[PDB]
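**Q** Spelled out, the chains give:
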Amino acid sequence: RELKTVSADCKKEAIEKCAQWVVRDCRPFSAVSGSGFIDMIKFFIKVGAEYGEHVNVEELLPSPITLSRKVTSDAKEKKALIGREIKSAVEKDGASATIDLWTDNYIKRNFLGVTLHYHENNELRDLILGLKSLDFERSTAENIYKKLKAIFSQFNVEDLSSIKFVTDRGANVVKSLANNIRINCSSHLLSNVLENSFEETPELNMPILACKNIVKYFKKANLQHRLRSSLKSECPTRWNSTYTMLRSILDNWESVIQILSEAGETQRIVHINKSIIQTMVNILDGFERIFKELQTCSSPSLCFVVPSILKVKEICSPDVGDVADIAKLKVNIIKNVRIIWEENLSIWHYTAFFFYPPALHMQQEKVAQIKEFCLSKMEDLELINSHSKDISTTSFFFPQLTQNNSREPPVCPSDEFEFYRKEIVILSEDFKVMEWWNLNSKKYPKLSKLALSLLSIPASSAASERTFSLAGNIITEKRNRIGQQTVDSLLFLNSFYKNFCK
Amino acid sequence: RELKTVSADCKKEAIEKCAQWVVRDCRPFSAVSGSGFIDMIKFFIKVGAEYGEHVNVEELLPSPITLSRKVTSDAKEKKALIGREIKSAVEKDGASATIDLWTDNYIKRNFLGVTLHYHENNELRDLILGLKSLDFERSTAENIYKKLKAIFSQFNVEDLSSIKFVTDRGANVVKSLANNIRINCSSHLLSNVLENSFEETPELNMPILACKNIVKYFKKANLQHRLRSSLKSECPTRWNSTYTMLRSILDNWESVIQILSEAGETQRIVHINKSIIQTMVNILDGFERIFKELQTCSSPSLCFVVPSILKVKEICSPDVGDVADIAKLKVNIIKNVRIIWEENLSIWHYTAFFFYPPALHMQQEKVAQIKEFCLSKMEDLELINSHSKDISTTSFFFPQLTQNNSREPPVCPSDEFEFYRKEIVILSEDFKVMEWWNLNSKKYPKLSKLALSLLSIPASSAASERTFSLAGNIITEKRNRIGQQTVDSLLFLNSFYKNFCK
Amino acid sequence: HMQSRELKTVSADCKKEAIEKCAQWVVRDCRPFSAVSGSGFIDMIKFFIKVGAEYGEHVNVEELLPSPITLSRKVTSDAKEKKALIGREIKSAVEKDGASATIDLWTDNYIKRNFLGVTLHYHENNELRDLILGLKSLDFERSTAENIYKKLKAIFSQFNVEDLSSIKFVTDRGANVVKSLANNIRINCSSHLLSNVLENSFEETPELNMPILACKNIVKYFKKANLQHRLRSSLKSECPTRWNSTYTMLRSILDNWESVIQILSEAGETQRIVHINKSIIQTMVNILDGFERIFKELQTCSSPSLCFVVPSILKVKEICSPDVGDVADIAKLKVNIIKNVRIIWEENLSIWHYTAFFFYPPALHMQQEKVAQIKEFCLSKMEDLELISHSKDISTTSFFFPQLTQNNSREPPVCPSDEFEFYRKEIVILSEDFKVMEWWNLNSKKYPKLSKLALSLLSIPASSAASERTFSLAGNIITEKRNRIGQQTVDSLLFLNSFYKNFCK
DNA sequence: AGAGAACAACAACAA
DNA sequence: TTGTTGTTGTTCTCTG
DNA sequence: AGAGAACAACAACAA
DNA sequence: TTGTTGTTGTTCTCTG
DNA sequence: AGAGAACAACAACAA
DNA sequence: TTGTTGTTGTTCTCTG
DNA sequence: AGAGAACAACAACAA
DNA sequence: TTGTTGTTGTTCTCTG
Ligand code: NA
Ligand code: NA
Ligand code: NA
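Residue numbers (my numbering), protein chains in the order written: chain A, 1 to 502; chain B, 503 to 1004; chain C, 1005 to 1509.
These are calculated hints, taken from the structure and not from any lab test.
There may be inaccurate statements among the hints.
Using C-beta positions, here's what the derived DEER-type ranges look like [to be verified]:
no. : chain 1 : residue 1 : chain 2 : residue 2 : range
1   : A       : 120       : B       : 624       : 22 to 32 angstroms
2   : B       : 624       : A       : 253       : 17 to 27 angstroms
3   : C       : 1071      : A       : 384       : 51 to 61 angstroms
4   : C       : 1224      : B       : 658       : 41 to 51 angstroms
5   : C       : 1161      : B       : 728       : 54 to 64 angstroms
6   : B       : 981       : C       : 1011      : 29 to 39 angstroms
7   : C       : 1085      : B       : 981       : 29 to 39 angstroms
8   : B       : 503       : C       : 1071      : 18 to 28 angstroms
9   : B       : 537       : C       : 1213      : 49 to 59 angstroms
10  : A       : 120       : B       : 625       : 25 to 35 angstroms
11  : C       : 1485      : B       : 644       : 31 to 41 angstroms
Here are the simulated DSS-like cross-link-like pairs (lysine-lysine), alpha carbons at most 30 angstroms apart as the crow flies [claimed, not checked]:
no. : chain 1 : residue 1 : chain 2 : residue 2
12  : B       : 891       : A       : 292
13  : C       : 1509      : B       : 513
14  : B       : 924       : A       : 443
15  : C       : 1228      : B       : 610
16  : B       : 514       : A       : 4
17  : C       : 1019      : B       : 519
18  : A       : 366       : B       : 924
19  : C       : 1140      : B       : 519
20  : C       : 1228      : B       : 980
21  : A       : 422       : B       : 934
22  : B       : 722       : C       : 1116
23  : B       : 514       : C       : 1485
24  : B       : 506       : A       : 12
25  : C       : 1116      : B       : 610
26  : B       : 891       : A       : 432
27  : B       : 513       : C       : 1025
28  : C       : 1505      : B       : 514
29  : C       : 1019      : B       : 513
30  : C       : 1025      : B       : 1000
31  : C       : 1116      : B       : 980
32  : C       : 1050      : B       : 506
33  : C       : 1485      : B       : 980
34  : C       : 1220      : B       : 980
35  : C       : 1116      : B       : 718
36  : A       : 311       : B       : 945
37  : B       : 514       : C       : 1084
38  : A       : 442       : B       : 924
39  : C       : 1116      : B       : 721
40  : A       : 443       : B       : 945
Ideal Cβ positions, reconstructed from N, Cα and C, are used throughout, including at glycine.
Sequences and hints are given; from them, build the entire structure.
**A** In structure tokens form, the structure reads like this:
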């Protein structure tokens, strides 16, 4: 168990041999740091010791095609393996899922990505169930539901109703999930607020285009190279696109007013009211933070939506110096937050905020329906159908306090609920909604099940996107022949190893 | 940092050399396992490496008299050193202390032991301030207070009033602390209940004496040696003296009815109603658990007194088969619990129970005075006279919830109190009163100070006793010349190293 | 790795840390300051320096340092090993008719086990061996002669000694023990005898009862009245079990007399001492002071002692010489001490005793009927050990001196009688440093067959002291805390320690 | 309790 | 397999 | 004796 | 001079 | 967010 | 001191 | 060419 | 026979 440190003369040969790998094989330096590579390097030492330095490597080392093959099989195995856990989760109501469509760019195969999210032990699960080619089949509602239904079969989940689905507003997909629980991606929602808000504030158009072109120039004119940080362009498809850009100009201002002057093109930047830029950036900076909190799956997020909404509305509160132009923007963002975001929220959203100990907030009418919803929801999950030395010091002094049985029927729904409402949790820096319910699991038997249930619903389809992101790094320019089956396998295996092994 | 494992040939010589130490020096085998010996063995390796295997040991190794001298000085140093912490503690009201008188048995010097107890960080402090010879000075109230006052000066604590003293009922001592906060040792109290209860239940006398003599015989007749476990005698000065004995007979019954029969003295055991014994043992077993919980200083205890009282009263509840004799006993224990224990409790006691989350219990009149006490107590302690990425996710979404300032004046005493009362903590196996207040420190600013303040008051003078116990292992038959100054030093140093170093 | 006599000194900066680290040990672990002066500790510290140099400071001490149980285990092992090892040297000495032993029963105070201590003494080179062979339990067997013998027989097998007859056993007068040795060589403990004499004596002199008790109560008082703390030395009490009990107590009062008359007066209790005849006190401790010395001479095991028995007896009788101003009381005391010395001590010595005095160079003394018997004995003992053309043809002597008929005798040595007789003709001047042992070792040449017999007697201890001492030792192993240590471990811990003292430098 | 101590009958391991 | 070590958990001890 | 222990009051030093 | 060490010699403890 | 990758300017260390 | 390593924290990239 | 990649459908094996 | 491996040869990718 005492890990042996080797000779510096060996360590020296180690370096050389690895570098050469990276060179001869065109691998990234980070290749050696990969955790999975370490473990394999370990097994090759565990062979060298138990077989001696004269092995027939070439025979020992599997051929690519077997690796691909082990993967595809290994896939079916583990998919099958957790078939139960997932199956339980789904049925006991703690399942949440996100789906989106994506397309590679070599064969242009059209895919459906599906992610599952649930609460186990003290952790929140971030699972990729699969990336299935919709084949070359139109890409209609029906066909989506089908492949959706299909991806779940692999785990042996056949009743999809108890699943809370988080998806963007893609006409096709929303219709596919027309008969199930479907929550609107608040990320996509926010971005819609952002896009419409700007569009209806043409007053801002100029300095944006102005800025747009300060980049366009720098790129074209090949002087980006001296900024320390590049001027980031647009790429409108991305979230908080404007922000990232203005911020790039702002972050570099000095260095740029200067190079445009001495290279005599101050014509470019002089019409740009820097204050307006500075200001839009502040407004927008918060959106960036909200944009990020809503894309997290390693912690609950749905609870943060209503507060994100409160944050926008605060940011957009009219302050005193408010330049005429900014102020119009603010009123617009606000107006859109209501007619676009708020309007597309659901009961889930509100409840989830409610499940965040500092509860005082939605007193208004919301508490009412919230309860009623909670009740309806908890009833459904009620269809789960030597002496005195070695005895707990608690049990010893307060025996009437521990009592009898595994089940605790007396404390009812309405009582647990109204019990919650009495709570008073002080907000602490580190506080974690997830822990706090797992603590009060005891005091809140059936309610805590509901809470961790909502608290696991992702706040947006980020999850799905991220998948496609990933699939991308495997369906590469050179790796282009990789097959659907193979891909889904690779993706799944990688998700699994993360969610299921330490 | 990679600890080198040595040659088995060295490890072999290690053994030999150590054994010889134990033999040649008449040391206990456990001598090598002592943590303090390890650390010194480490420093002798750190010398061997940095000076080589040819050192003049004999000169290097200090003479006893310097060791004694370093100790006595080292003493004054650290005593001085924590002078502040203790001083604070005392003043900010979180100080608790226990004192008792004791006498060695070589010079027959008469001592005063003093222990301090307080709450720091997440820990509870078990401190020996000192063992001072009262000299050969009568041992009157005055002289005690004096040496008491004196022991505190060493730390520079001159105002003793804010100190909550836990002591037995020794006429002299109780008078010495006549003007301070003095709480009655509940251990001593319990034992008084036990002793008087038995005495007033002469019906039990016979089988006890019977039993007493079954030991007396076995000891005298030298057949104890074959029991597996000895028959434990009386030693009345000890707590739960009867119990430990009956239990010894009971635990061995078979093996003894048998040896008394085959060695023809069944006359001895035949008059002993075994059931009565069995029963007294059960009654008494709980007392044993209560006896132990009340002697703990590494966790709060005062909170367990009232519940210990509830436990006795439960144990003594009349059950059905109750033999006439047992039943009288039960009624007596009960009667004494009131006129001896309950009667000698104080407000502290009740409050401390109250400071144990499952609070429902003392609803009756007690809550009233408890509050009033708590208030009075808290008023006294009121005489202590890149942007938006690197900002707490809590602070970001709920800023009105974190607010402004270090101090929180709005939430007042009565509000904090009535705030507590609303709490509902479910009792869990592992639950710890100390943690729970340190958690709610936030929500309960001034109250939590009060709570951890009481929660640190030892429930009995156990602490002091234990000290004398210790002092004993230093003022040994051979070590008899050891001096007062030296002793107190040794004791203190050892307390310190425990409370102040990991 | 065998040299370099110049030893390095350390920086007073490291001397400053060893100081710290050692105190901490003593504090943290609760050991006495004297722990570090220990010889064994030192030899061990050395070995840990030798480890750090040969391995570097970053060693895994925990792994290294053996567990306590591993140590106990070794000790029981090492015991068994060395006990077997010396098995020869001992087997020898016993057979070479020059080994003696002690025996006594002792009982511990935790488990209250009942033990049998056995000490062996003999002479090898210019030294006397004082050795503990064992402390075995009688288990819980009655404690009869049969068992004592059996266990005694048994402790000896451990060294492969199966024949005990040739051993000289000195034992007290325990009803039990004397019977177990009924068929062997048993010499009575002179120390126990002396205490016997002392006790009967005082008892048969009630006259002193009063002043003694009187004194006893002055201590009793000083203790109960917490006054002890003010004299230079504490008043001492009786503890009747102890030897020369009364003396140690009287002496304490005497040495502190002033200090106490003063105290008692200023506390209106002068009623306490006023009846104590200081003169008698004085006198008694003077008589008694001698007994102390005799007592202590009788408990030595490093120098011969059996020879000093007779001289001690002579000394007591000399101290009880009626002198002139002798107070009737004291006088009566003396007469009684003498009476008992004759009927208790002298009455229980045996030939071994006499002979052993005789082997002390200044040999003049028991010229008495004693010498006739002594030779007779020495002859028998030296036998046991033997079981391991005219001008030319006529002696140069028978020609030069014919009228010297004498022939049978043989002056320069030859046989036992001659060696004995040539001993007699000696004249050794008793100088201050004279070591009877050294002298016989030198004249081993001069006296071949006699020096053996002599050194053989001279190694027999004068009393049971060694055995008592053993128990005292056993006492420090079977501590309140260290209670639970089993026979095995104890016998080992004890033996090894003795072995290491007697067989190493 | 909370301190020091030994050991029987374990269970972990190196050879 | 077989010994050697170090683990466990029980049994003492002491202050009342 | 022959074992273990601490310490007041030394006497020796290094600084 | 001054403080720090180690030295001596006395006072305890135990077996009886 | 949550994934892979390189590196400048560090700070830790062995010689 | 002087090099060699491995650390940090910033800068890219991608999915929307 | 001259580089990286995955894979359907082979052909070779060990069992 | 039967499954598991490694083989071939074709289909992609990129510089232009
Ligand atoms: Na291969
Ligand atoms: Na030294
Ligand atoms: Na070890």
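**Q** With 29 to 39 angstroms as the target window, see if residue 1085 (chain C) and residue 981 (chain B) comply at their CB atoms.
**A** holds, 33 angstroms
**Q** Residue 514 (chain B) and residue 4 (chain A): Cα distance at most 30 angstroms?
**A** Judged against 30 angstroms, a Cα distance of about 23 angstroms means the pair holds.
**Q** Is the gap between the beta carbons of residue 1224 (chain C) and residue 658 (chain B) within 41 to 51 angstroms?
**A** This hint holds: roughly 44 angstroms between Cβ atoms.
**Q** So if I understand the rule, the pair passes when the alpha-carbon distance is 30 angstroms or less; does residue 1485 (chain C) with residue 980 (chain B) pass?
**A** holds, 14 angstroms
**Q** Decide if the proposed pair is consistent with the structure: residue 1025 (chain C) and residue 1000 (chain B), CA atoms, cutoff 30 angstroms inclusive.
**A** Holds, at roughly 16 angstroms.
**Q** Between the alpha carbons of residue 366 (chain A) and residue 924 (chain B), is the straight-line distance 30 angstroms or under?
**A** The hint holds at about 24 angstroms.
**Q** Does the alpha-carbon distance linking residue 514 (chain B) and residue 1485 (chain C) stay inside the 30 angstroms limit?
**A** Given that 30 angstroms is the threshold and the Cα spacing comes to 29 angstroms, the pair holds.
**Q** Check whether the Cα positions of residue 1220 (chain C) and residue 980 (chain B) lie no farther apart than 30 angstroms.
**A** Status holds; Cα separation ~25 angstroms.
**Q** Can the restraint linking residue 1116 (chain C) and residue 721 (chain B) be considered satisfied, given a maximum Cα separation of 30 angstroms?
**A** Holds. Residue 1116 (chain C) to residue 721 (chain B) sits at ~9 angstroms (cutoff 30 angstroms).
**Q** Would you check the hint for residue 506 (chain B) and residue 12 (chain A), treating anything up to 30 angstroms between C-alpha atoms as holding?
**A** OK: residue 506 (chain B) and residue 12 (chain A) at ~23 angstroms, within 30 angstroms.
**Q** May I ask you to test the hint 51 to 61 angstroms on the CB atoms belonging to residue 1071 (chain C) and residue 384 (chain A)?
**A** holds, 52 angstroms
**Q** With a cut-off of 30 angstroms on the C-alpha distance, tell me whether residue 1505 (chain C) and residue 514 (chain B) pass.
**A** holds, 23 angstroms
In this structure, the earlier hints numbered 2 and 5 are contradicted, and the remaining ones agree with it.
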